Amino acid sequence: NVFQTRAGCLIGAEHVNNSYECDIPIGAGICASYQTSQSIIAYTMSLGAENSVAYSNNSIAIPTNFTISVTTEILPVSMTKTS
Amino acid sequence: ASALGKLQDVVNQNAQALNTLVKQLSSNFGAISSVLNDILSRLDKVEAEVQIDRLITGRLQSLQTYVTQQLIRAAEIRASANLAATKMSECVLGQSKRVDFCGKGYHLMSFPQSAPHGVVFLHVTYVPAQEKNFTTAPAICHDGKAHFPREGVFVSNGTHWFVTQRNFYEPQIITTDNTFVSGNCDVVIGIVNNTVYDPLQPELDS
Amino acid sequence: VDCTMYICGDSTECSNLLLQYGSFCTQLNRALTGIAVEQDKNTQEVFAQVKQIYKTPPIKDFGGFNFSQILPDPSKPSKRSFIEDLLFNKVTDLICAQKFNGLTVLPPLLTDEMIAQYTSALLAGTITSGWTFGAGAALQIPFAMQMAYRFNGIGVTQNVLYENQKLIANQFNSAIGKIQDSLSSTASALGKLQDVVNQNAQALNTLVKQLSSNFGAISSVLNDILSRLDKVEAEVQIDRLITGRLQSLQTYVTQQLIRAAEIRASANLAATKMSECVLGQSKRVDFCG
Ligand SMILES: *[C@@H]1O[C@H](CO)[C@@H](O[C@@H]2O[C@H](CO)[C@@H](O)[C@H](O)[C@H]2NC(C)=O)[C@H](O)[C@H]1NC(C)=O
Ligand SMILES: *[C@@H]1O[C@H](CO)[C@@H](O[C@@H]2O[C@H](CO)[C@@H](O)[C@H](O)[C@H]2NC(C)=O)[C@H](O)[C@H]1NC(C)=O
Ligand SMILES: *[C@@H]1O[C@H](CO)[C@@H](O[C@@H]2O[C@H](CO)[C@@H](O)[C@H](O)[C@H]2NC(C)=O)[C@H](O)[C@H]1NC(C)=O
Ligand SMILES: *[C@@H]1O[C@H](CO)[C@@H](O)[C@H](O)[C@H]1NC(C)=O
Ligand SMILES: *[C@@H]1O[C@H](CO)[C@@H](O)[C@H](O)[C@H]1NC(C)=O
Ligand SMILES: *[C@@H]1O[C@H](CO)[C@@H](O)[C@H](O)[C@H]1NC(C)=O
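For the record, the sequence lines run as chains A, B and C.
Under PDB author numbering, read the first sequence as residues 641 to 676, 689 to 735, first letter to last.
Under PDB author numbering, read the second sequence as residues 942 to 1147, first letter to last.
Under PDB author numbering, read the third sequence as residues 736 to 827, 848 to 1044, first letter to last.
Extracted from the complex, chain A is given alone in its bound form:
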C-alpha cells in the first residue's frame, strides 16, 4: 500500500482525507498516527482546531469566573561536570 507525499515515498500507511492533530511529525505537514483493524495513517496535519471569534463593534465578552492552574515548567541548570 503505497502513497506519494511531499516529503517522499511513504509505504504501509493508508492515506486519510481527514485531518487531525499532528502526532508523529514526518515532513511538510504530513503527520502520522496509529489509530483506525488498526493501521498507521498519514494525513495533512490540522494546525489547531478552528474557531472564528464572533465579533461586532459593540460586542464584548467578559469572563464571569476563573480557574487557577498550576503548570509545571522545567529547565536545565547545570550538566554533569567532568575532567
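These are calculated hints, taken from the structure and not from any lab test.
There could be a bad hint or two in this list.
Think about it this way: if two alpha-carbon atoms lie no more than 30 angstroms apart in a straight line, the pair counts; the simulated DSS-like pairs of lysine-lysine are [unchecked claim]: (1) C:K986 x C:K964; (2) C:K986 x B:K964; (3) C:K825 x C:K811; (4) B:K1045 x C:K854; (5) A:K733 x C:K933; (6) B:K1038 x A:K733; (7) B:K1038 x C:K1038; (8) C:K921 x C:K825; (9) C:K964 x C:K811; (10) B:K964 x B:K986; (11) C:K854 x B:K947; (12) C:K854 x B:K1086; (13) C:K790 x C:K825; (14) B:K1073 x C:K933; (15) C:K776 x B:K1073; (16) C:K814 x C:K776; (17) C:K1038 x C:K786; (18) C:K1028 x C:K795; (19) B:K1038 x C:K1028; (20) B:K1045 x C:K790; (21) B:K1045 x C:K786; (22) B:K947 x C:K1028; (23) C:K854 x C:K933; (24) C:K825 x B:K1038; (25) C:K795 x C:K921; (26) C:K825 x C:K933; (27) C:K933 x B:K1045; (28) B:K1038 x B:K1086.
What the simulated footprint calls covered on chain B by chain A, stretch by stretch (three residues with Cβ under 8 angstroms from a Cβ of chain A suffice, anywhere in the stretch; the number is not a length) [claimed, not checked]: (29) 971–983; (30) 989–996; (31) 1006–1018; (32) 1056–1068; (33) 1097–1103; (34) 1119–1125.
Ideal Cβ positions, reconstructed from N, Cα and C, are used throughout, including at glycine.
Add chains B and C with the ligands to chain A, keeping to what the hints say.
Just chains B and C with the ligands, lined up with the frame of chain A:
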C-alpha cells in the same frame, strides 16, 4: 516519563558523547591495532613511533571533537541557566508582568522545585473561564459631557449600563467615582445615551 | 548529510576504511539530527503559541484601521497577506548538486501555507480578541475599545483615542502603506534572513568543493586512486582523502552547531516577542522597537 524529557535528554546526551568518547579507544584509526602496547610488543619502536601517531592523531582528534561538543553544549545549558535565573528572579521573587513568560494565563506566583541537574517551577496562573456576550460602549453621554471609565469598561446586558473591571465580571452602577469627564458627545464614535448616577446629589436632599 | 557516502563515494574500498574511524560517521548524523529536530521546534515555539486557529470575521469594520494589507489575502491560492508576498520575493543549481553527494535538504515540518495560518490566527485573535487569547479563551472586544487599553498601558488616558480616533486611523493606515515601499523599494531590509540563507548555502558550497581537493592524495576522484594504484599503497592515499574529508565534515558540522545555537537564541527572542509583544502589550522599553 516525558515531562522531564528536557532533563532526561541533557543527562542522556552527555553520557552519549561520553560513551562515544570511550568507544573511540577501541578504534584502529588506521593503525594496526587499537591497543597501545600491542602495537609496541609486536614491532620495533622506530615503527611504533609511526603507528602511535595514527593512534594519537585519532584519539587527540576524538577529544577535540568531544571537547568542542561540550563547549557548545555547555553554552546551550548556559543560556538555559540564564533563563532559569531570569525566571527564578522575576517569576518567583517577583510577579511577572511579562506575558507567557511564566506560562499561559496571568501569573500569580511560582514555586521552584529542585530536580537532578535542573530546576522545576510550579507556575500558579490565573486563567479566566466562563464568558457572557455583552453589549458595550466606549463612552456614555450624560448632559453632553462624555464619561469614560477610570478602569474597566461600560457594559450592559441589554438595558442597564454597568461599568466593570476587565478580567472579571463584577458589574457596578455607574457614578462619577467610576467615570471621569472628558470632551463632549460629538467626537466619540460609539457613545450611547444614558444617565450616570451621582453619589452626591441624594446626599444633599436633606 | 550522509557521512559514509559523502566521504566514500560508491567504493567499498574506502567504505571499509571508514569503519576504522569508528563512530565519527554515526555521531555526525546524531549531531545534525539534533539541529534538524530543534529547527522544527523553533518554528513550533515561535508561531504556534495559540490553541485554536482563529479567523477574521467576514466583514471588516475596525473603526477606520485598514488591515487588508496585513490580513490573509482571500484571492491568493496560498493565502498570505499582501505584505508577505513582498517578503517571499526578496528572499530566495543548489537544488540537486548538493543532493548528488549526500547533502540533503529535508522539508521543514511546517509548510509555508501553514505558517501563514498561524500568523493569521495570531493576527486574527490580536485584532478581534485583544490580548486575552494568549491567556485563555479569546474574548471578542471592539477593536476601538482595545486601543483604549493599549493607551492605558503606555500611560496615555483613553480619552485621547476616543477623541482622536479618526486621526489615529489615518496615521495607522498611512504608516502601513509605507511599510510596503520600505520593503518594496529596498532589498537590504531582509539582510538578516538573507544572511542566514546565504551562510547555509555558503558552507554547503564550501563543503562540496572540499570533495575536489587533493588533501595530499594523488587525486580527488576516489576511484582514480583505486584505478591507478595497487591497493596496498592506495590505502595510505585514501586516508589523506578520508582524513581530509572526514575532518572537513566536522568543520562543517561544528559550524552548523554554532550557527544553529545563534538561531536558537534568535528563535527565543522571537518567541519572547511573539508572546510578550504580539500576544500581550510590552512594558519593556525598546524591546518591541
Ligand atoms: C441586566 O442586569 C440588571 C442588573 O441586575 C437587571 O436589572 C434587575 O433585574 C432584576 C430581574 O430579576 C430585577 O429584579 C431588578 O429590579 C433589576 N434591577 C435594576 C436596577 O434594573 C436586568 O433585568 C438585566 N437584564 C437582562 C436582560 O439580563
Ligand atoms: C441621544 O440624544 C441626542 C439628543 O440629546 C440625540 O441627538 C439627536 O437625535 C435626533 C433623533 O432622535 C436627531 O434628529 C437630532 O438631529 C440629533 N441631534 C442633533 C443636534 O442633530 C441622539 O441621536 C441620541 N442618540 C445617541 C446620540 O446616542
Ligand atoms: C484598504 O486599503 C486597500 C488598499 O490599500 C483598499 O483597496 C483599494 O480599494 C479601492 C476602492 O476605492 C480600489 O480602487 C483600489 O484598487 C484597492 N486597492 C487594492 C490594492 O486592493 C481597501 O478598499 C481599503 N479598505 C478599507 C476598509 O480601508
Ligand atoms: C480523498 O478524496 C478523493 C476524492 O475527492 C479520493 O480520490 C481519494 O482517494 C480520497 N483519499 C483517500 C485516502 O481515500
Ligand atoms: C456569544 O455569541 C456567539 C455567537 O455565535 C455564540 O457562539 C456564543 O456561544 C455566545 N456566548 C456564549 C457564552 O454563549
Ligand atoms: C457598529 O457596526 C454596525 C454594523 O453592524 C453599525 O450599524 C453601527 O453603526 C456601528 N457602530 C459604531 C459605533 O461603529
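Going through the hints against the structure:
no. : hint              : in the structure
1   : C:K986 x C:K964   : holds (26 angstroms)
2   : C:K986 x B:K964   : holds (28 angstroms)
3   : C:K825 x C:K811   : holds (18 angstroms)
4   : B:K1045 x C:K854  : violated (42 angstroms)
5   : A:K733 x C:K933   : violated (54 angstroms)
6   : B:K1038 x A:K733  : violated (36 angstroms)
7   : B:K1038 x C:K1038 : holds (8 angstroms)
8   : C:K921 x C:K825   : violated (34 angstroms)
9   : C:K964 x C:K811   : violated (40 angstroms)
10  : B:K964 x B:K986   : holds (26 angstroms)
11  : C:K854 x B:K947   : violated (33 angstroms)
12  : C:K854 x B:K1086  : violated (72 angstroms)
13  : C:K790 x C:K825   : holds (27 angstroms)
14  : B:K1073 x C:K933  : violated (40 angstroms)
15  : C:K776 x B:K1073  : violated (36 angstroms)
16  : C:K814 x C:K776   : holds (24 angstroms)
17  : C:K1038 x C:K786  : holds (25 angstroms)
18  : C:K1028 x C:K795  : holds (26 angstroms)
19  : B:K1038 x C:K1028 : holds (14 angstroms)
20  : B:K1045 x C:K790  : holds (21 angstroms)
21  : B:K1045 x C:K786  : holds (11 angstroms)
22  : B:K947 x C:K1028  : holds (23 angstroms)
23  : C:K854 x C:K933   : violated (41 angstroms)
24  : C:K825 x B:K1038  : violated (37 angstroms)
25  : C:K795 x C:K921   : holds (16 angstroms)
26  : C:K825 x C:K933   : holds (17 angstroms)
27  : C:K933 x B:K1045  : violated (35 angstroms)
28  : B:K1038 x B:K1086 : violated (35 angstroms)
29  : 971–983           : violated (count 0)
30  : 989–996           : violated (count 0)
31  : 1006–1018         : holds (count 4)
32  : 1056–1068         : holds (count 12)
33  : 1097–1103         : violated (count 0)
34  : 1119–1125         : violated (count 0)
Checked against the numbered hints above, the structure breaks hints 4, 5, 6, 8, 9, 11, 12, 14, 15, 23, 24, 27, 28, 29, 30, 33 and 34 and satisfies the rest.
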